[PDB]
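Number of protein chains: 2
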Amino acid sequence: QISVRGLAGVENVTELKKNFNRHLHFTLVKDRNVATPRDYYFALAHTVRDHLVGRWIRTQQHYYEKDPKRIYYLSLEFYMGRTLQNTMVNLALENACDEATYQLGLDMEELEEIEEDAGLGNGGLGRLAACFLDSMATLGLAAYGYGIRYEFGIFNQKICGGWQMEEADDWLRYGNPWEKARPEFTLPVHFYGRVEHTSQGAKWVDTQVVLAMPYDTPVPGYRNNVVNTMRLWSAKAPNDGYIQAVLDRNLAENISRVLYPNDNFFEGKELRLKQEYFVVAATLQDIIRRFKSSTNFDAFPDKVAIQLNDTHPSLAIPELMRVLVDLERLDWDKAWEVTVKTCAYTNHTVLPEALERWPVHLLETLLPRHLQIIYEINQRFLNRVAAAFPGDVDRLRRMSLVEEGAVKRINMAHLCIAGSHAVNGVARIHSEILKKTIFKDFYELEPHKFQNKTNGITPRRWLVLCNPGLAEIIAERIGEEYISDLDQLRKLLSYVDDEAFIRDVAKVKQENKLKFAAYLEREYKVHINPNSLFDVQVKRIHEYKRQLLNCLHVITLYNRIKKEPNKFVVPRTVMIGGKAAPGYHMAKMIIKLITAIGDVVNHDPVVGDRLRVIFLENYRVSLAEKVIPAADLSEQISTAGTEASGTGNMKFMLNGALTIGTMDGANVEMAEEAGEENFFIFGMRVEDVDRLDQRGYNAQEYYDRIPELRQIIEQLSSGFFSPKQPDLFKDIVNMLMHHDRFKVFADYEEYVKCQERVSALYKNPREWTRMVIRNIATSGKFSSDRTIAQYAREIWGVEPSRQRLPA
Amino acid sequence: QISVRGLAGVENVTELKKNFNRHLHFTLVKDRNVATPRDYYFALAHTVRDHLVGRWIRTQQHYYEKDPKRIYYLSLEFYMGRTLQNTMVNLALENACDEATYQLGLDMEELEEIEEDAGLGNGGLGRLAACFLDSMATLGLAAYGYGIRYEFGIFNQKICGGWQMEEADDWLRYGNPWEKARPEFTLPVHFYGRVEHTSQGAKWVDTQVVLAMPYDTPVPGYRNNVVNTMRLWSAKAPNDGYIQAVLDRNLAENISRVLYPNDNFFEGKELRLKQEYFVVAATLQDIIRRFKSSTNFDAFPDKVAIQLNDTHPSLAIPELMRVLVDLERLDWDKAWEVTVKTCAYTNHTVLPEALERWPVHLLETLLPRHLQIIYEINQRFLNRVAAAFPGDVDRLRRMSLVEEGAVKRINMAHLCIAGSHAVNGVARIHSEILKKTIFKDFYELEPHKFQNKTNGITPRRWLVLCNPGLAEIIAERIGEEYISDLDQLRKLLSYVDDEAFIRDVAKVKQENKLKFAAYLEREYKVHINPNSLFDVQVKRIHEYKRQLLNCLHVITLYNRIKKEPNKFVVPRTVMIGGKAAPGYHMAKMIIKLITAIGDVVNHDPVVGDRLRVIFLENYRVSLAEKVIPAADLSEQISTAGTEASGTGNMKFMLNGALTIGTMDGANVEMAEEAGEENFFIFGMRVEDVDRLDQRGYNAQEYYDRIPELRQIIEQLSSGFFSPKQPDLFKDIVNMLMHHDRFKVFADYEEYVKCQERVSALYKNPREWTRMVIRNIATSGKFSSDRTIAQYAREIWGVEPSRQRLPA
Ligand SMILES: CC(C)c1ccc(/C=C/C(=O)N[C@@H]2O[C@H](CO)[C@@H](O)[C@H](O)[C@H]2O)cc1
Ligand SMILES: CC(C)c1ccc(/C=C/C(=O)N[C@@H]2O[C@H](CO)[C@@H](O)[C@H](O)[C@H]2O)cc1
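Quick note, the sequences are listed as chains A and B, same order.
Going by the numbering used here, the letters in the first sequence line up with residues 1 to 807, in that order.
Going by the numbering used here, the letters in the second sequence line up with residues 1 to 807, in that order.
Treat the hints as calculated values from the structure; they're not laboratory data.
Take these hints with a grain of salt, some might be off.
Derived DEER-like restraints, expressed as beta-carbon distance ranges [said to hold, decoys possible]:
no., chain 1, residue 1, chain 2, residue 2, range
1, A, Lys-525, B, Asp-67, 38 to 44 angstroms
2, A, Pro-352, B, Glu-270, 44 to 50 angstroms
3, A, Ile-57, B, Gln-510, 46 to 52 angstroms
4, A, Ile-57, B, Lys-724, 57 to 63 angstroms
5, A, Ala-245, B, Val-209, 23 to 29 angstroms
Even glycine gets a Cβ: it sits at the ideal position worked out from N, Cα and C.
Generate coordinates for the entire structure from the input sequences, incorporating the hints supplied.
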């Protein structure tokens with residue numbers, strides 16, 4: 001149908017059809033009369049997967065012959081989503097399969113909806129890992145993603161009475177056709193035990209063994225026949241009264257059972273630490289095994305790069321030391337040199353309560369040898385600090401890996417900076433904040449380590465896959481090359497005054513909204529006006545992201561309509577979606593608030609279809625792929641200085657929404673690229689927030705000067721939104737007035753006024769769409785291909801490559 | 001090479017080769033340069049499995065069209081062993097695959113050795129279930145095996161210091177290519193809760209739900225293109241603080257985790273009861289679903305037969321009642337009629353401590369509604385007893401389902417007799433003992449229910465598969481038809497005086513022994529004389545099977561050699577193998593005794609290679625397939641009246657060993673079929689054992705009159721076989737002298753004298769082999785095909801059929 005989806009040749013369609021029917025028969029053990037749509041999905045999945053394996057096998061063969069430097073991306077989170085459509089897109093099979101399935105009397109889009117999300121992540125950090133794998137494959141780097149194969153990913157969110165309920169994400173129930181188990185590459189991981197000292201050095205003994213079993217998942221590059229690997233570890237008990245012994249195997253295997261759903265607040269849970277060492281221990285043995293079969297570890301940094309996705313795999317540093325010192329018998333100073341040259345650390349975390357600070361007593365019991373190595377690293381590091389800043393005893397305690405207090409803690413961020421040759425933030429403003437405030441001491445010691453690598457998203461998933469309409473009309477003007485070189489989108493600037501393009505861009509948006517409005521009714525029984533402005537905020541629920549600020553605006557719009565019912569206002573559908581961490585009470589209250597507002601606003605006949613407030617249930621990658629193309633307004637309204645980068649922001653920009661947001665994270669670079677006039681900026685900058693802290697933030701002040709705000713607080717306090725439970729939202733009002741770290745009231749006025757200007761622009765469709773084109777045309781910088789190319793050149797020391805491997 | 005293995009056509013060999021290479025590439029994701037032998041096995045396995053599915057699909061289709069009566073075989077144990085060779089044999093693919101693998105430069109026999117045993121059973125009862133499935137498929141019956149998919153089958157036995165160590169049988173580690181998961185046929189099973197009474201009857205409420213997920217395994221008939229199903233259930237938790245909730249899913253899923261390894265002694269363990277209801281509950285919903293889609297349950301017994309393999313699935317009876325009464329609203333008397341007409345019960349158990357007697361308090365908590373139904377069944381049953389035997393109050397308490405005492409118990413055997421239209425023993429003598437003693441009262445009430453169905457073994461696995469040499473030389477004389485009609489073996493009688501046949505039969509035995517003697521050295525580092533008599537006892541270790549009696553003979557032979565070193569004796573290799581239940585102390589001592597005897601006898605230079613005592617480690621189906629063809633002497637020496645039937649006895653007879661044994665179980669029928677002169681019978685009959693009990697068994701009497709026996713006991717007591725621990729075997733001597741339920745000393749003299757006559761016959765090879773031919777020629781009755789044909793005609797009311805389905 002559309003040209004970016006590839007050719008549908010007679011030969012290929014014929015071949016896909018018999019391979020489909022073969023798998024239905026031999027692999028699924030069904031015939032057409034008993035097969036369900038799930039069976040049809042699996043047959044299609046197995047058919048598409050057959051096209052990968054040849055490429056997968058010769059890609060790994062290729063890396064053995066040529067022996068290039070290998071990139072290892074260590075993360076506890078890989079938020080992959082669905083794999084079927086992505087694989088088809090990257091192999092140029094999308095039309096052929098659509099034609100093939102159509103000729104068997106099936107709708108492919110219906111079969112794609114049956115595939116479970118691989119939700120092995122929480123949000124931004126996990127999804128960045130997925131975009132990176134796609135981009136690394138596309139740029140021909142010999143790159144492996146390493147992580148944990150959780151049996152249960154992020155929980156499925158269900159709303160019940162406006163409250164979030166969590167149920168288990170049993171994503172492997174029906175099987176995963178994409179993974180290949182490799183039980184033959186199983187490796188021991190050690191826990192507990194104690195340290196024995198001998199003449200021939202230290203020895204870790206009396207350990208409990210857990211087995212790490214790898215599962216390989218293919219990662220296809222975009223039309224280059226490169227297929228990289230993602231290797232995920234699964235926990236297995238070794239095989240050495242009787243009944244209970246066998247049942248107790250579960251304790252060892254619990255290590256890979258479930259993803260920790262907490263992305264706001266650090267908790268020193270033993271099981272979480274086991275997960276972190278597990279991934280690190282098995283991965284490093286795998287790395288070394290591959291290096292040895294290419295004794296001279298001088299070359300190790302020329303053949304290996306290890307990227308740490310935050311501090312979650314920080315133990316890679318002392319583990320590498322342990323192996324090099326205890327098992328390989330290198331002297332300390334030489335092992336340390338190899339380690340620093342090998343490792344690099346990316347920070348994603350601003351807020352102090354999110355930083356990993358492990359209690360020493362935990363490391364003592366579980367990883368006694370790693371504690372010793374950490375103490376030794378700290379001592380040699382602080383000696384360098386003393387020598388460079390003699391007398392500065394304050395600097396010593398601040399820079400120490402060991403934090404003293406009631407309970408001693410290891411600061412894993414300090415460990416990472418010390419043992420890595422490079423540390424980077426994920427947006428320019430974030431990288432500056434790291435140098436100016438939280439790692440200032442470390443920056444003064446080793447200024448050369450600190451870099452910036454502004455985040456990006458993959459245009460394959462986040463344009464071609466989720467928005468074929470938009471991808472096609474762009475292709476008609478400028479061709480196909482933009483898909484792996486997103487800077488080419490700039491050529492769309494010369495079409496900003498083209499009447500036909502303006503009409504087509506606006507039509508694609510209108511189609512996407514119509515399709516999404518129908519998804520809402522069929523799957524969730526809610527009706528919305530498709531001619532309203534689609535105002536969307538989707539992301540994990542945290543106070544710093546300020547979903548509450550959105551709520552305040554929503555209530556303001558409602559109150560103005562009730563005050564002057566017969567005045568014209570731009571109709572809006574306001575959609576808010578996202579998961580709250582299970583133990584985060586305030587986040588759970590905010591979700592309840594949003595549904596409570598919906599209960600009042602959506603059933604007021606004076607309002608009509610001029611305002612709707614919908615909470616998007618179970619926000620996840622596959623939902624983002626649907627709602628993002630349908631959005632008009634992207635809400636990126638975090639308190640300045642709190643959102644390290646953001647990545648959702650970039651998804652919306654690439655898909656034809658305008659952004660209302662603060663000068664935070666990548667927003668700054670987004671406005672810079674598009675021009676500030678094509679961006680709805682508002683609120684305090686970083687410097688303003690700092691000025692407010694010195695004086696002291698008094699919320700009452702804003703309550704006293706702003707009557708519209710006073711009315712909203714009084715409605716919340718007195719039960720306007722909770723008639724049966726008048727004091728339901730007392731914690732929210734109380735936090736907003738006395739304990740608001742994120743200064744919601746301080747931005748309220750500028751926010752509400754900026755929102756009026758959005759509505760004004762939306763009243764003139766032509767000028768809205770022209771501003772949209774200017775955003776889409778300048779979104780090129782935010783491709784993960786650019787990001788990875790900078791990591792490659794400036795951190796890993798490998799050159800990218802767009803060239804095809806033989807098919 | 002040999003003709004019974006089928007044709008190796010050019011077309012077929014070519015086809016198997018490309019399908020092999022296809023699976024290696026697409027399914028395993030390997031190439032020839034990295035593939036291990038395990039990868040090669042899996043490719044072969046997947047190739048052979050492709051030939052099954054077409055037949056599997058049209059077999060199930062066939063049963064839907066024609067709608068024949070369905071046989072459901074419920075067992076907690078299916079001892080299947082390996083599937084690859086069996087499937088090849090039954091599909092006539094054995095030579096073709098051998099030729100195909102040879103042309104790819106692989107040895108098929110080496111690949112067969114990589115397949116894990118499916119050890120989902122303990123011994124006789126579990127293996128009988130497997131033989132029955134094979135025979136049911138071969139006779140064209142619409143038959144389904146239903147059971148539990150244990151993650152861990154019977155433990156792998158390792159000897160360490162002569163002591164048994166158990167380690168977990170992780171048979172699914174590498175995957176099972178034979179099973180097809182059917183997550184779409186998942187069913188709820190209920191536990192706990194309570195009973196509510198209403199106007200519309202009883203209701204079971206507040207239950208915990210566990211999900212039962214079926215896995216289907218194909219069961220191919222012998223060259224008839226019938227492929228039946230074995231459906232095994234797996235436990236799954238439903239999907240409805242957070243971390244722990246997810247980890248606690250393991251508790252529900254523990255139901256299908258491990259096979260209870262205890263086959264001697266009943267233990268009222270809750271988890272075991274859950275296993276029993278789990279299999280019964282999910283299976284009966286599946287049966288009913290299939291019946292309803294063929295409201296009139298009058299026809300239920302004309303379309304369904306449920307066979308209970310011992311009392312382990314006894315709860316099928318009250319569960320069927322529950323469904324019929326509570327959910328379908330049939331009146332009690334009509335539901336009861338359908339239940340009795342549907343169910344049938346096979347007893348495998350003589351010893352009282354092996355009978356299931358569940359504590360009432362357990363049933364109360366776990367299955368409250370089933371307790372009520374059982375009480376009601378008991379009351380209506382005892383009313384019939386009272387009415388037929390008025391005044392006999394003793395009969396009432398004896399026949400009751402409820403046993404009174406300190407703790408009340410339900411007697412599941414009494415439940416089964418009451419709710420089944422047929423009860424059978426597994427050998428004629430066993431079936432008579434059930435009528436004369438343990439179920440005498442029940443026999444007097446309902447004489448028509450009690451039948452005999454003498455056991456059998458499948459000649460496919462137990463001759464053609466494990467003994468191709470012997471199968472071939474038989475085929476040369478009489479043709480191929482004997483393989484599915486074993487009575488034809490009688491035609492070998494006219495070759496008892498044939499010189500060439502005698503030479504060939506004796507040569508096959510000698511080849512089998514040479515092959516097995518080499519297996520011992522390569523895999524276990526033990527050398528043996530292949531010209532010795534191969535004296536073999538393999539079976540689970542129990543006092544009633546009297547491995548100790550064997551030990552006493554072994555020590556006697558040793559002592560006679562030490563006494564007159566230069567006299568000639570027939571050389572023997574004595575092999576004893578089998579597992580002991582983990583908590584069975586005496587069984588563990590006996591294994592230690594056997595290795596202790598080996599430590600003395602195998603390292604005495606005066607003995608030479610005239611006597612060897614080897615303990616066969618990890619006895620299991622695939623080991624039985626190797627050792628049985630190599631045996632000369634089969635030891636079946638249970639105290640008369642204790643071994644219900646035995647089935648190993650039949651395996652040895654079919655494979656050219658002579659039997660030394662008591663008149664117990666199927667031995668009686670084996671001697672009858674071959675003639676008593678062609679059988680080494682010895683010891684007390686059932687009547688003699690009973691005479692001894694009345695007088696009282698005094699072991700000291702035998703110790704006083706038999707000097708050779710006194711010497712053996714004194715050697716045991718004083719530490720002759722345990723120099724470092726002089727009193728190691730005190731429990732054994734003490735049991736033998738004061739607490740021997742099984743009267744080992746009482747048969748010693750006849751046993752030792754009978755063993756001398758065996759040695760005498762073995763000195764004349766020609767006459768040994770002629771006696772062997774007379775055994776093999778009369779082993780036809782002991783085919784499971786005959787057994788199943790009798791179950792079919794006399795219990796299930798279906799006619800067998802040897803006719804082929806279309807290929
Ligand atoms: C509790 C602790 C172990 C923890 C676990 C997960 C997280 C997750 C952090 C995360 O997702 N950070 C986001 O990373 C994105 C990619 O760099 C950024 O766009 C986003 O601004 C940042 O919040 C944080 C702390
Ligand atoms: C502990 C209780 C639940 C229990 C569990 C398993 C068993 C196993 C019994 C068994 O294997 N019996 C054997 O059945 C064979 C086939 O009928 C007979 O040949 C054999 O003589 C009999 O012991 C017994 C009791």
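Broken hints, by number: none
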